[PDB]
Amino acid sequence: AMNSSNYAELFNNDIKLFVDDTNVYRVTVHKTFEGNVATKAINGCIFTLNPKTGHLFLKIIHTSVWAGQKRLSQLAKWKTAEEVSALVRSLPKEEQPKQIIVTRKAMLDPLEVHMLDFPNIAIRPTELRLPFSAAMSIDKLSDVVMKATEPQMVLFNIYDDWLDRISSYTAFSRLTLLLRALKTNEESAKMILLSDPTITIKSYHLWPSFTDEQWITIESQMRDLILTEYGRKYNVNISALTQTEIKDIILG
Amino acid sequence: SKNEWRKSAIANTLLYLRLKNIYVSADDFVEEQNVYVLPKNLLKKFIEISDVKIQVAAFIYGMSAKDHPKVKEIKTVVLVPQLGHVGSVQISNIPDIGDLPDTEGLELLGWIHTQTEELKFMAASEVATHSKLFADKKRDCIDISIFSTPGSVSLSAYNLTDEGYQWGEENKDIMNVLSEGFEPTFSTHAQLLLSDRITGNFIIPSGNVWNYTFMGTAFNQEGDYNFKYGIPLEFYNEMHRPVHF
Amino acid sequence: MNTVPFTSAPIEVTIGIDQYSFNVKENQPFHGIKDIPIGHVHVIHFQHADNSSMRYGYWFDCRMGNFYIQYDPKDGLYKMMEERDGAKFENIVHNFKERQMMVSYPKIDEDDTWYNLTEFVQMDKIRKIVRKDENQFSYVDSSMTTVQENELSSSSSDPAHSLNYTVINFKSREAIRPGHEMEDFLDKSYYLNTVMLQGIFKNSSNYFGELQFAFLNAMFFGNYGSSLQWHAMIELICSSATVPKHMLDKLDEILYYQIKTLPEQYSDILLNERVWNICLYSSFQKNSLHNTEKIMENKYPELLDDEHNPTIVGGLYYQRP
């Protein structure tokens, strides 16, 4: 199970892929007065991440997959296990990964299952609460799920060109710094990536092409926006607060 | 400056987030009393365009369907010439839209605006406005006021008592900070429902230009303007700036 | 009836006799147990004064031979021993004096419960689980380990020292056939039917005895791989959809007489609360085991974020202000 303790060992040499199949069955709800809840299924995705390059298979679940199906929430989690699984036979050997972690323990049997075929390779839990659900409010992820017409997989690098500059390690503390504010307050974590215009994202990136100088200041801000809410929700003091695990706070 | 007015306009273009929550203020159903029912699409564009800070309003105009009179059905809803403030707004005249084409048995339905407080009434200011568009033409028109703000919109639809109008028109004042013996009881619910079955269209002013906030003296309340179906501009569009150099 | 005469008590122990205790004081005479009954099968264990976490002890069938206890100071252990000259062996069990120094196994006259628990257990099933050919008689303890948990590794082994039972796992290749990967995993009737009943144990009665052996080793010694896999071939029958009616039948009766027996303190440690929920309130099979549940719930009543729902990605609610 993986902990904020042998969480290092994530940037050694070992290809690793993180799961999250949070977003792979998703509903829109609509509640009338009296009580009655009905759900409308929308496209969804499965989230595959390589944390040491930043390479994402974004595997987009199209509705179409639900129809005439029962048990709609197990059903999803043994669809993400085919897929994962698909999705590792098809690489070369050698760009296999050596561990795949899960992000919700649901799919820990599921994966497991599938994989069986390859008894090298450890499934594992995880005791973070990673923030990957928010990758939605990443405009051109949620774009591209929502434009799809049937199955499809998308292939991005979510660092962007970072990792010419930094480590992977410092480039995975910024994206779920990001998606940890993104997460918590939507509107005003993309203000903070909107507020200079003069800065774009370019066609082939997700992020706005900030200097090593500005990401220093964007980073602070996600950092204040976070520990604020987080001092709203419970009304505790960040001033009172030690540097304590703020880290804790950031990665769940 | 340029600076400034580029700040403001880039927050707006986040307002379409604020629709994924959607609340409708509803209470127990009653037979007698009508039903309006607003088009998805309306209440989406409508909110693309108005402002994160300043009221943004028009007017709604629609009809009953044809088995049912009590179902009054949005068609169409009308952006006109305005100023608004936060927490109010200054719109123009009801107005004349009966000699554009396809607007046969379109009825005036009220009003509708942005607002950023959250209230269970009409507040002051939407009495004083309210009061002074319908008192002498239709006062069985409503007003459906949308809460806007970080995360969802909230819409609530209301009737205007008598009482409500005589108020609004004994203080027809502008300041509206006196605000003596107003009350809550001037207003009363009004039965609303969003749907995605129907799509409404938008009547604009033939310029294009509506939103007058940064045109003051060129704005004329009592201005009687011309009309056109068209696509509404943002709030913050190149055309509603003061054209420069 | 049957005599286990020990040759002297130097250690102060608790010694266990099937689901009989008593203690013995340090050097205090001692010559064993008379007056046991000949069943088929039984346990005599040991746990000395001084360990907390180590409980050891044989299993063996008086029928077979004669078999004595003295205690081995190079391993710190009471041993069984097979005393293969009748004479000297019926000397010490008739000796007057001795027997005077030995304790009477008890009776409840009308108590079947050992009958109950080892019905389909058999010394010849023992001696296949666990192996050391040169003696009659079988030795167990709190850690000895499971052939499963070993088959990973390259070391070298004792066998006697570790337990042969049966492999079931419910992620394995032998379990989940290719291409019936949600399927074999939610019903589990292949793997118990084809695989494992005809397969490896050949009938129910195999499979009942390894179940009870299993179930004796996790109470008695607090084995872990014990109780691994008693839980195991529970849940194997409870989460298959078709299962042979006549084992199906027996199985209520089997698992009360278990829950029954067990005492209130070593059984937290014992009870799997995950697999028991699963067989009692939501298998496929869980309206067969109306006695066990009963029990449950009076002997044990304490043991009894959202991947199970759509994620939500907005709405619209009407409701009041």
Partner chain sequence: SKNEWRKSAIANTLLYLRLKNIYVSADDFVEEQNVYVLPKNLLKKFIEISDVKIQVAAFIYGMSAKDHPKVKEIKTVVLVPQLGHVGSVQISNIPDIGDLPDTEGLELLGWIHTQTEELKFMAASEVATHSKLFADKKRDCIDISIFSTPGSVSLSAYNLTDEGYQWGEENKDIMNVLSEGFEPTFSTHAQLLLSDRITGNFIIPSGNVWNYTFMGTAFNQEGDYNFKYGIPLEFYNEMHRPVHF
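Positions refer to the first chain, counted from 1. Heads up, when I say rigid core I mean the largest set of C-alphas that superpose within 1.5 Å between the two forms. Compared with the form solved without its partner chain:
- In the overlay on the core between the two forms, a shift of 2 Å or more in CA position is seen for a single residue of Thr198, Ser203, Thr32, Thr211, which is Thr32.
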The other form holds:
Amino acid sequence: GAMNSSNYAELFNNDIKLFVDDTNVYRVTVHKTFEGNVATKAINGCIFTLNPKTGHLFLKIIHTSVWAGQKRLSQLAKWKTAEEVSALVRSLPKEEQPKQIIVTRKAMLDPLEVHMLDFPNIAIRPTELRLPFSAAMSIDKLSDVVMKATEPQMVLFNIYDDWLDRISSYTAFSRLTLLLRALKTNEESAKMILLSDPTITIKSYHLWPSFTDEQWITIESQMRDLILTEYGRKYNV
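Switch over from the form solved in complex with its partner chain to the form solved without its partner chain, please.
Coming up is the bare chain, nothing alongside it.
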């Protein structure tokens, strides 16, 4: 069935699974036309596919050429996502495919189910969690590779950098969701927090700064402050 608070620890067992988020597959700017009407201009997007146990991010870039001459693009984006996820499973050795795939929006269930009819032993699940993965385009290096793409492309990241050397997957996932929740709630402040100390750098091969354990605990505390705060400023409390 669905994924929720009660079975949250299944994400870090030893059955290979992915999360698929489709919220940045079809992205547009909305502008006025000379005639004073409105038109959209698509920009590159990405499929956020994430192995939560290892941190593997199989980032599929969706080049704008894929929408050319297509109608009903919000609907096709769902099927395009399913088609690419399916292509990835199929590319992979049997022992390497996902036993489950969790979709972050229910509208993905039917597209992915239909694209995966060949894999009846892969379970396609929704979740009741409000995961902040839409904020993945606030990670500068991810946004950069998407926007520079001139063609369809798959780039493989580890969204945990080297964190699993020191902390568990459970803890690494929780750090990631907190960072992403913060970026989603107030991207400027979130980013001020992460880069306030020029001595702490992001290695060329990482997404996040090289914080010590003690420095992560402070960062993590500052991000919770941010999220609590924006909640007041928003609701007046």
